[PDB]
Amino acid sequence: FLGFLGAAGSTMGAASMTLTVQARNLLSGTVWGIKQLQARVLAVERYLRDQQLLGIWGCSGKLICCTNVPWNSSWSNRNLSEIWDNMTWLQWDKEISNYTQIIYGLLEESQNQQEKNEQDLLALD
Amino acid sequence: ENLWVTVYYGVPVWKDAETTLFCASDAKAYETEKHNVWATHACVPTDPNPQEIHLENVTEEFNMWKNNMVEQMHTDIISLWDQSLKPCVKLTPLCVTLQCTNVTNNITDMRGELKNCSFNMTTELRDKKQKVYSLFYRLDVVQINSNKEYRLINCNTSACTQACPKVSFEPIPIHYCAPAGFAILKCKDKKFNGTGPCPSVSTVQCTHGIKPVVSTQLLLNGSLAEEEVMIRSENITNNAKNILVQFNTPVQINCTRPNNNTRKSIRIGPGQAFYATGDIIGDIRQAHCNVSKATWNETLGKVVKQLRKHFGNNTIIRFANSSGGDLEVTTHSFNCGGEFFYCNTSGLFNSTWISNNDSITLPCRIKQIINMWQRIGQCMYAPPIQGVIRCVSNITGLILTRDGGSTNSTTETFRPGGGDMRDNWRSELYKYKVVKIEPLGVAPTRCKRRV
Amino acid sequence: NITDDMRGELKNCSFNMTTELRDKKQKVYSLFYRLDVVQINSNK
Ligand SMILES: *[C@@H]1O[C@H](CO)[C@@H](O)[C@H](O)[C@H]1NC(C)=O
Ligand SMILES: *[C@@H]1O[C@H](CO)[C@@H](O)[C@H](O)[C@H]1NC(C)=O
Ligand SMILES: *[C@@H]1O[C@H](CO)[C@@H](O)[C@H](O)[C@H]1NC(C)=O
Ligand SMILES: *[C@@H]1O[C@H](CO)[C@@H](O)[C@H](O)[C@H]1NC(C)=O
Ligand SMILES: *[C@@H]1O[C@H](CO)[C@@H](O)[C@H](O)[C@H]1NC(C)=O
Ligand SMILES: *[C@@H]1O[C@H](CO)[C@@H](O)[C@H](O)[C@H]1NC(C)=O
Ligand SMILES: *[C@@H]1O[C@H](CO)[C@@H](O)[C@H](O)[C@H]1NC(C)=O
Ligand SMILES: *[C@@H]1O[C@H](CO)[C@@H](O)[C@H](O)[C@H]1NC(C)=O
Ligand SMILES: *[C@@H]1O[C@H](CO)[C@@H](O)[C@H](O)[C@H]1NC(C)=O
Ligand SMILES: *[C@@H]1O[C@H](CO)[C@@H](O)[C@H](O)[C@H]1NC(C)=O
Ligand SMILES: *[C@@H]1O[C@H](CO)[C@@H](O)[C@H](O)[C@H]1NC(C)=O
Ligand SMILES: *[C@@H]1O[C@H](CO)[C@@H](O)[C@H](O)[C@H]1NC(C)=O
Ligand SMILES: *[C@@H]1O[C@H](CO)[C@@H](O)[C@H](O)[C@H]1NC(C)=O
Ligand SMILES: *[C@@H]1O[C@H](CO)[C@@H](O)[C@H](O)[C@H]1NC(C)=O
Ligand SMILES: *[C@@H]1O[C@H](CO)[C@@H](O)[C@H](O)[C@H]1NC(C)=O
Ligand SMILES: *[C@@H]1O[C@H](CO)[C@@H](O)[C@H](O)[C@H]1NC(C)=O
Ligand SMILES: *[C@@H]1O[C@H](CO)[C@@H](O)[C@H](O)[C@H]1NC(C)=O
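Respectively, the protein sequence lines represent chains D, A and C. Using the entry's author numbering, the letters of the first sequence map in sequence onto residues 519 to 547, 569 to 664. Using the entry's author numbering, the letters of the second sequence map in sequence onto residues 32 to 140, 150 to 185, 196 to 318, 321 to 330, 330A, 331 to 407, 420 to 514. Using the entry's author numbering, the letters of the third sequence map in sequence onto residues 137 to 141, 150 to 185, 196 to 198.
Just so you know, the hints here were simulated from the structure itself, not pulled from any lab data. A few of these clues could be false.
As the list claims (entries may be wrong) - Result set (DMTMM-like, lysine to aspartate or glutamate): computed pairs, CA atoms no more than 20 Å apart in a straight line:
| id | chain 1 | residue 1 | chain 2 | residue 2 |
| --- | --- | --- | --- | --- |
| 1 | D | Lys574 | A | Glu102 |
| 2 | D | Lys633 | A | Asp47 |
| 3 | A | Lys511 | D | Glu648 |
| 4 | A | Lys46 | D | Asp589 |
| 5 | D | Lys633 | A | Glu92 |
| 6 | D | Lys574 | A | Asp107 |
| 7 | D | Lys574 | A | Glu49 |
| 8 | D | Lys574 | A | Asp113 |
| 9 | A | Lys511 | D | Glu647 |
| 10 | A | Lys511 | D | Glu654 |
| 11 | C | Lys169 | A | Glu199 |
| 12 | C | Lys169 | A | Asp167 |
| 13 | A | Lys46 | D | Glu657 |
| 14 | A | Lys511 | D | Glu657 |
| 15 | A | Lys46 | D | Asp632 |
| 16 | A | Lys499 | D | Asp632 |
| 17 | C | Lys168 | A | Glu199 |
| 18 | A | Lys499 | D | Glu584 |
| 19 | A | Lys168 | C | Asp140 |
| 20 | D | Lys601 | A | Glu501 |
| 21 | D | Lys633 | A | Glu91 |
| 22 | A | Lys499 | D | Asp589 |
| 23 | A | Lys198 | C | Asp167 |
| 24 | A | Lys169 | C | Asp167 |
| 25 | A | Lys216 | A | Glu64 |
| 26 | A | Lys171 | C | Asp140 |
| 27 | A | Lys46 | D | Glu634 |
| 28 | D | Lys633 | A | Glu276 |
| 29 | A | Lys198 | C | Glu164 |
| 30 | A | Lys121 | C | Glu164 |
So here's chain D without its partners, still in its complex pose:
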């Protein structure tokens, strides 16, 4: 067993199999009378915002969710071969961090907003 954050130095191919371990550790349960009462509310609000963002897309209750947005805005300039076997998740965030605000909007307009409209007009008949 690797435990919490066990696959931090492992490659992407071995770190994607332990998402459940870090998924459950984001929600656990006057000095020291108002510290906890303000920390736990923030811990709940940080989780709720992420779960709402993951779900205004098409990915509601799945840990791995792959969509139909082309790989144009996020310029990795690197092929799948040396990404999932020669890089870790910490190095990935260093490369794609500027393009994580123009890729979070292509998942909300080009996907699951338009997509939810032809389905509403196809179950009409």
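Given the coordinates of chain D, assemble chains A and C with the ligands onto it according to the supplied hints.
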């Protein structure tokens, strides 16, 4: 080549952040009926066993001089100290004139240290007064213009509170734990100067037991090193930055107060009492502390050997005593069983080093009206303690400082420093860091969603 | 000083005040306005 955006949730990514930590206390002494100035009823019990997780291929950057944990610990300790003195007696009616005279009797030569003072004090009934006497140290009374007229030293700054007699000043270990969504990183590199990349990064659930020991010019009951004596500073070139030393092996120090005291209770109102020293039975002798000469010499030699590397190779290392200032910054101030000591550390830092069962008795002084945390307007009047007190401790560190050098070489003189309590806890919260877990990420796979 | 048109409105009041020491008292004075004092039943 048919690559599409894929969303992953729960990826191991962290970023630096600041949060508020809470307690974790051992249950061995948690259930006892002894009150401490550092509260335990508001701290949750600790886990039965810690959970240590080792991280491979992870290289993080630490910085001991820009850590928020030290500031949070300082704020919590100050708040606990302020809260511990609320519910009980305030010594407002003690600002009266005094008729003080010399104690004499048995004086080994402490010639004028103790004074025999008499004054008028109120009683339980509002319209009656009583005449009592008490013994005061010379550091607490100030003459105002043989029975002369004296007054307390705090009677023109602030009327203060008497120390609650039901609480204790004994430090106890305290664990700090991060909230959900936050992790604590522990650097396990033995030879780490506190600043820079750490090869051995390890996820730790919380921290270990950190005792809030208050002392100046020395570190008492700290954490020892593992390989060699470690010297850590923020800027070794700058002479305005304190230098922290960590000892490989601890030297032993013994302190005692030879006088046998006697505490008497005086009622100054309805339900309020004042504790005074009535008589001293036996002989009157000075309080002192001792350090073994050979062990201290070996420790100082190791400190010099490990200090030579940073500065030069032929320069001489000289140790001198303090320069000047208040009594709290020029003396080794600590607490031994409830009595506050101010020892003279001048025979310790007195040597000159060349590149080519004796004991050291340190005289000490005791004060009852103190003013700590570098604040103005609040006291903590420690009542007298009956009997003879003794303490055995460990010296596991130093807080040195450097003077303005001349001729750029050929001499370096180091003298003890202190004054700030953040340097006491910077020496223990140096291997810890707080990070915030970010679990959402995007990566390119070859999925296309079914339409 | 002058007291040309501003009639009696400032009062030169002397009283006994406490000091830092509990068993001693002072004797000070102050200038109080007429709108903050009331008689109770020269020097009145
Ligand atoms: C850590 O780095 C070494 C050196 O390249 C490598 O052999 C090892 O596989 C790495 N660890 C993991 C878990 O991949
Ligand atoms: C696609 O890539 C081009 C290349 O510069 C860029 O100009 C364009 O804005 C990208 N499309 C979106 C929706 O960001
Ligand atoms: C795919 O990525 C590799 C790098 O591993 C690169 O050598 C190759 O040219 C790329 N192919 C294309 C079509 O860009
Ligand atoms: C994204 O923006 C930041 C801020 O301007 C900039 O420092 C960074 O270099 C940008 N990203 C890239 C890949 O240039
Ligand atoms: C202090 O003076 C009182 C008399 O006011 C005397 O009874 C007492 O013995 C004196 N104490 C000492 C230690 O000399
Ligand atoms: C206490 O008050 C009495 C008068 O009631 C006075 O004679 C005596 O000197 C006072 N004692 C002092 C000031 O120590
Ligand atoms: C601490 O050690 C690092 C080596 O990793 C070094 O770069 C840094 O200058 C050292 N700090 C001081 C104050 O000498
Ligand atoms: C360290 O001290 C030197 C000498 O006073 C100074 O020039 C420098 O700016 C300081 N800070 C550093 C190196 O970060
Ligand atoms: C100190 O005095 C008490 C009586 O008040 C006595 O019981 C005790 O033995 C004395 N201590 C010494 C070391 O003589
Ligand atoms: C302190 O006392 C212990 C006995 O409790 C003794 O073994 C030790 O040598 C003493 N230390 C010094 C410096 O005398
Ligand atoms: C000092 O000189 C000794 C030899 O006498 C050498 O081993 C050591 O590395 C030198 N230290 C320096 C240059 O910092
Ligand atoms: C330091 O030692 C000198 C003697 O050279 C002495 O005059 C001075 O008072 C001492 N200072 C302290 C704080 O002990
Ligand atoms: C400490 O000792 C020195 C000389 O041993 C003396 O000058 C000084 O007054 C003493 N006290 C303090 C507080 O430095
Ligand atoms: C240092 O030790 C020497 C030798 O015992 C002594 O003469 C000198 O006074 C000491 N220094 C101080 C500041 O006491
Ligand atoms: C012991 O201390 C003295 C300082 O008075 C020093 O000169 C001497 O070299 C020390 N002894 C050893 C073995 O280091
Ligand atoms: C002092 O250090 C020794 C190890 O040299 C240790 O056994 C002892 O418990 C320590 N005393 C404390 C922490 O009070
Ligand atoms: C102040 O008190 C004295 C007696 O202590 C009295 O003679 C005097 O009249 C008082 N002053 C007033 C009431 O203004």
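Hint by hint, which ones does the structure fall short of? Structure breaks hints 13, 19, 26, 28.
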